[PDB]
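Protein chains: 2
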Amino acid sequence: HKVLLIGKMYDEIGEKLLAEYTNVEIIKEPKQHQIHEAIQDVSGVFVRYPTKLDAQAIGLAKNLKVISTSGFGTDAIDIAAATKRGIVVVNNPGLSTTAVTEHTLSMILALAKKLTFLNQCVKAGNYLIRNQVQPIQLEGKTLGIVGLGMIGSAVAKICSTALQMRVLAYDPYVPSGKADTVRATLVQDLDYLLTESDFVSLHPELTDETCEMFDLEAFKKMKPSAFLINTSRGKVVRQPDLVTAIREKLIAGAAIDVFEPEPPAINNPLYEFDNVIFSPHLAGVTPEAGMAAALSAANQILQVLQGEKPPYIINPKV
Amino acid sequence: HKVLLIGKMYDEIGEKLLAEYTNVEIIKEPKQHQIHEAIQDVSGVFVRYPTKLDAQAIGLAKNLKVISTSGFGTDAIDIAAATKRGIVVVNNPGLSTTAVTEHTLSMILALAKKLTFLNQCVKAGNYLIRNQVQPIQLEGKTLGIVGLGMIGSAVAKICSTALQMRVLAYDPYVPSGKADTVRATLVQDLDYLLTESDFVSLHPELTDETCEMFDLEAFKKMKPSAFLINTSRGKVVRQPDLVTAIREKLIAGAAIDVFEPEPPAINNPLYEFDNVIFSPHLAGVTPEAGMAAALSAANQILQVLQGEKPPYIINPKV
Ligand SMILES: NC(=O)c1ccc[n+]([C@@H]2O[C@H](COP(=O)([O-])OP(=O)(O)OC[C@H]3O[C@@H](n4cnc5c(N)ncnc54)[C@H](O)[C@@H]3O)[C@@H](O)[C@H]2O)c1
Ligand SMILES: NC(=O)c1ccc[n+]([C@@H]2O[C@H](COP(=O)([O-])OP(=O)(O)OC[C@H]3O[C@@H](n4cnc5c(N)ncnc54)[C@H](O)[C@@H]3O)[C@@H](O)[C@H]2O)c1
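Chains A and A' supply the protein sequences, listed in that same order. A prime marks a further copy of an entry chain. If you count by PDB author numbering, then the first sequence holds residues 17 to 334, one letter each, in order. If you count by PDB author numbering, then the second sequence holds residues 17 to 334, one letter each, in order.
Note that these hints are calculated values from the structure, not bench results. Hints are supplied without guarantee of correctness; some may be wrong.
Below, computed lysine-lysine pairings styled on DSS-like, alpha-carbon distance capped at 30 Å [stated by the list, open to error]:
| id | chain 1 | residue 1 | chain 2 | residue 2 |
| --- | --- | --- | --- | --- |
| 1 | A' | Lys32 | A | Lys139 |
| 2 | A' | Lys44 | A' | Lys78 |
| 3 | A | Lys139 | A' | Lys139 |
| 4 | A' | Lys18 | A' | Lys32 |
| 5 | A' | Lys251 | A | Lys139 |
| 6 | A | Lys78 | A | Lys173 |
| 7 | A' | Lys173 | A | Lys157 |
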């Protein structure tokens, strides 16, 4: 039994847990030829987001029986080619709730306190910028949350109680008591959340309903002084509409951690604007969260290699 | 009765409150000659931090009876020259507690989530930096707070309960129950706080005891992975020792909002380091906080012009 690690895990504990039971090779940022040679006899595959497992590589893997992503996203795996051969594709979701909550708070406060802008002014000797701009006090301001899931609830709870913000939440599949629990108000009309909020943070599941649900019409309804925070999925925002919204000052700025596509091109049009700050899809990649997903990825590989049904099968039809 | 506004107030409501009762002139970023001409017959003076009121300008003001700073700092007023002439110098402290608390949280999270560093990597097309660095999960980490005053307590309360951090506090003039109230542990040995903390935030009163109390010896005791946050006063940190500490990687980085001296020179040696982020003394200058200090400054000017003792006299001997 051999296992191939396409990319390091977010923590080396999952790799030692696999080395104790199988023969493991690790390849960091490989070319396609390195994948083709190292996957022939391999029995389990781990894929580090967002590198891609294609139908050719899956076709060359003769003994392959289980594939594990590093986290929730499977948009880089050819699941169809893997189902045809009956290969188990496994996920690792929901191990980074606390990491993304902290990251959303960091970016909300960064936009409000004008962190990156004020930093360059002082480094460039423009201390006198404190006569033209001012930071935003969060207390009393309205935070609008799309998606009152695990992460959206946690962000709502902190901003309402610790930051004394007014929290509105939009989620068609949630009882209003869930909003009441975290001291938020559930709002059905998304226009109301858009027109009321000084800060809009996205935490919904990526579905056909939420795919590109934040487009130019939504940005137009938002306050020109409002900010957008996106730590969910890149496909929730129609990227060109976010460019127009920023360029035409339809919103005051944004902070995004997820992209479409991933990885983003080096010439992304959003990089130009200073009121838009980025992080390379790391809101859920803290050491504590990376250690959980790495262990979870190691278990599910071993469980399939031993004929046990792992908890997060993407294609249960095999 | 005329009043001179050396610099705009942090909000124009205090200026209208003075315009209703006196003749007001406002000068923005003046030369010394503009001050000399506009202060001769003036009866009240407002000074916007950190511009300086010198003994010459005070000497030329014949009808001057009250001086008000914009906030707490009076290190830019020649209080001695004003006391000689019996002029009331007035302060405006403690109106920005919530503003600085939010600002400290923003900077703590910014250092932990590596905000500014990860932002330039993505803008420079280095999305793959997520393979070399990782953000820090605050949960379980130790926050060390120097000065359990109004702001230090508020920061401690949020980081302990909302962020699930371990909070240690150093303050010789505070009962341990005050730390227990905000779910922190009061620590007498400052070495213990230095050696234990992953994040050190400064909120003490600037005294002879706290003047330059954070020097090279203190940085050496700190963890090389720890971060420094300074929203108190610039004189609490011995600036050259912070340069050596950063350059020699004695600490992982810093986030400072206050300087010594203020304003800082355009060629400050700290501007060079990327793990050091700045804001131009704005932690207490939110609109809500700026509106309070502006009203407070307007009242104390009018109260002296009407023979009423204002609450924040710097030189009560007049
Ligand atoms: N940036 C990262 O590294 C990272 C890490 C983990 C998760 N995420 C993403 O964060 C997002 C939120 O995470 P989660 O664990 O809390 O998801 P979740 O499953 O706990 O809940 C998401 C919520 O979305 C809601 N929702 C569904 N459709 C909606 C719609 N049309 N409008 C409004 N709300 C809708 C659902 O009711 C659900 O409550 C997910 O998209 C997840 O992929 C990102
Ligand atoms: N950046 C800004 O714009 C801004 C705005 C307001 C206040 N501040 C500064 O923030 C700092 C804290 O504000 P505050 O209102 O909470 O002050 P505070 O008066 O409420 O309390 C400060 C604490 O310092 C403690 N202290 C005194 N000596 C100490 C020592 N040797 N060691 C440890 N602790 C000691 C005191 O016991 C007191 O509890 C002050 O220096 C203030 O000037 C900055």
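Item to check | Hints breached by this structure | outcome: Violated: hints 1 and 6.
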